[PDB]
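Asker: Listed below are the residues making up each chain.
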Amino acid sequence: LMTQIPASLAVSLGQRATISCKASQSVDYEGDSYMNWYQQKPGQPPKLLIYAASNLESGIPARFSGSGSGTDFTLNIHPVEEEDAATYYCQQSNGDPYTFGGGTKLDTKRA
Amino acid sequence: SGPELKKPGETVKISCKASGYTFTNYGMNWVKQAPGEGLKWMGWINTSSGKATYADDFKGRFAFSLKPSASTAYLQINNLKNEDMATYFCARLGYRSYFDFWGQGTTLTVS
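Taken in sequence, the protein lines are chains X and W. Going by this note's numbering, the residue at position 67 of the first sequence is 67; the numbering climbs one at a time, nothing skipped. Going by this note's numbering, the residue at position 15 of the second sequence is 15; the numbering climbs one at a time, nothing skipped.
No wet-lab data here; the hints were simulated from the structure. Just to be clear, a hint being listed does not mean it is correct.
Said to hold, decoys possible - Rough simulated footprint, nothing fancy, chain W against chain X, three-plus residues with beta-carbon under 8 Å:
hint, segment
1, 14-25
2, 88-96
As the list claims (entries may be wrong) - Simulated crosslink set (DSSO-like; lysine-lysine; CA at most 27 Å straight-line):
hint, chain 1, residue 1, chain 2, residue 2
3, W, 81, W, 51
4, X, 47, W, 17
5, W, 17, X, 22
6, W, 40, X, 22
7, X, 41, W, 40
To be verified - Which residues of chain W face chain X? A partial, calculated answer using Cβ under 10 Å:
hint, residue
8, 35
9, 39
10, 41
11, 83
12, 85
13, 94
14, 101
15, 104
16, 107
Just so it is clear, CB atoms sit at the ideal spot from N, CA and C, and this is done for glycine as well.
Excised from the complex, chain W in its bound form:
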């Protein structure tokens, strides 16, 4: 949640509620899918030190973060551009290659 329509340049904070399990033992990834169906990696972070890494695409604008207690993952989108329009997913990381589940999306629209 946290999505919706935003005017270019805005601010937005996306959330991601995890359950079934303890949020601090596996990692998490924000991945988006644009209207033309293309998938992009937005950000990766270790949930323990709070240190994220990002492609240039959103470098310096997006800021991933988490709360190992409240079981929350966050994406803080700043200086939104038209090209950030897309469905945003998170996804619980499993082992070291992929993600166990689990997001149903949340459409952000920059116009």
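So here's chain X without its partners, still in its complex pose:
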């Protein structure tokens, strides 16, 4: 399963942010780690950002990077831009059932 912390994440534009997940069972299968990260912008369906822990999907800006070992994986946004707000979700694919993290809402700190 999965645990995502933090729940809310106030961040200023330009800031860096880090969202992490811990799986209750390992998500490594055949030498790969089935861990992905989704962004659900408000009012839309979710979309893929990184898969297999660190692979940036085509279309995703270098923004975003993923990493992690054993049971803890982290998504990092170097420079937060306006379009990046919404709820992020981690999800693992190692074992069945497939499971998603509870979500981390990123809100843009503004004046």
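Given chain X, put chain W in place with the hints provided.
Answerer: Okay, now just chain W, sitting in the frame of chain X:
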């Protein structure tokens, strides 16, 4: 499609039309999102043998299936409970960890 309002215990069959591509070469997943924004895995199936697997949550009530010719994925919800209320997505599976696209939703409401 196939969503809408249903009284507790009802029956409902959700569909999912795929395109761009051949429906039998990649797998598919029914995932829902409840009104409080939580995401849940509903069912996973191999599109070729027609054999699905499910969490306990819907075990024995939901039945996933497909048509590799007509390019259709199905979810046959039975004995609906109030907690099945949510947006339902499908999503084309890519590689072995994630999903390529692609559903825009379809709100089922049990009350």
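Asker: Each of the hints needs a verdict: does it hold here or not?
Answerer: So, going through the hints one by one against the coordinates:
no., hint, verdict
1, 14-25, "violated (count 0)"
2, 88-96, "holds (count 4)"
3, 81(W) <-> 51(W), "24 Å, holds"
4, 47(X) <-> 17(W), "18 Å, holds"
5, 17(W) <-> 22(X), "34 Å, violated"
6, 40(W) <-> 22(X), "17 Å, holds"
7, 41(X) <-> 40(W), "18 Å, holds"
8, 35, "14 Å, violated"
9, 39, "4 Å, holds"
10, 41, "5 Å, holds"
11, 83, "16 Å, violated"
12, 85, "18 Å, violated"
13, 94, "7 Å, holds"
14, 101, "9 Å, holds"
15, 104, "6 Å, holds"
16, 107, "12 Å, violated"
Checked against the numbered hints given earlier, this structure breaks hints 1, 5, 8, 11, 12, 16; the rest are met.
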